[PDB]
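Below you'll find only one chain, the form deposited in one PDB entry, shown as structure tokens.
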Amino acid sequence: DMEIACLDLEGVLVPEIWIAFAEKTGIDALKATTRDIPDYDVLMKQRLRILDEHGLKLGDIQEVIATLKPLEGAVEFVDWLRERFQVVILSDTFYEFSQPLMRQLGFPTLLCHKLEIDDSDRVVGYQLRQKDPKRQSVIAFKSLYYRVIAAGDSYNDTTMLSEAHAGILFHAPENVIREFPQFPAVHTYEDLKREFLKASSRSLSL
């Protein structure tokens, strides 16, 4: 039985993108997080406004993001996984922010959200694809009779891990590991590989 391997993106294969981008620009106002502004829509509108006040159009943003690299060992891990499973990346970021990083991973299929860009290359809005997108994606693959094995690093990955046939926690905080013991928790790509092997119904080699 061929399985689909669903991987979260940020914190699993690449650094948290917005935060790294903000740090690279040196603009303190771009660094607010959900802790500073809990309402996600309010946080996003602010980000768009500050980006515009500083003249950072999409091209400028992607230029900065292109200097980021996948986490050490992530490139080999994705290659390893693609020799054994059909690989799909699920992410709560936007196509426009992830692109320079996806390129470095060989553009594996990515299901995430999308920014609204005007004719002057300005980021003017955003669109969330649907509610609980990672979980709904797993459901879609189950509709095609696939067994799904998923891996993620945060609480925002737990509905995906719960929906999959097998879930694995990677670099997760103790807060999550303790609450979701049904998911093996590891923090090295080698151990992550081993968990995918144990979760598979097929006999695969390391």
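Between two forms, the rigid core is the largest collection of C-alphas that superpose within 1.5 Å. Numbering follows the first chain given and starts at 1. First, how it differs from the form deposited in another entry.
- No residue in 58, 176, 43, 64 other than 43 shows a CA shift of 2 angstroms or more between the two forms after fitting the rigid core.
- Relative to the superposed core, residue 31 undergoes a Cα shift of 2 Å or more between the two forms.
Alt. form deposited in another entry, vs. the form deposited in one PDB entry above:
Just the single chain follows, nothing else.
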């Protein structure tokens, strides 16, 4: 009966940060995701190039991300979940990029990657923490004898969902839902609550 709820960040609790950053700054180029560029090391090399070409330092970038908001209903959902589970966020975001949004969620433990910042505050590099990081985080909780219930919205979440004791697709695209019928797929926070209740070994209230 010892359970950790692991959540993806972008698309589950907050908007896709780079697309939202692109929308705020008018830099259309930054709307690009893995659907356009598969290799995260390349995409991260590129995104950082574009930022530097626009003279956007870390402080500048954080100013923009500070104007973003959690998805409607997301904070209430996190509050509900924290009353019932230990809540850990597993994301391929970066600490320095996501900080203003994480504050609005009450800074739940976040397991993600980091940036490399020079003495002039420029984003020159990044470090991926490890391979298959969300799956490996689930393994770490299993080593502590936790049952893990995980929710994610995209293909890059399916290893986490498969490794967990129970996985839930939230707001997932139809292709993903069709490819992974083993996970319940829901698209409202209330329904997501109900899937956490179904997956739990405990008797919990909605």
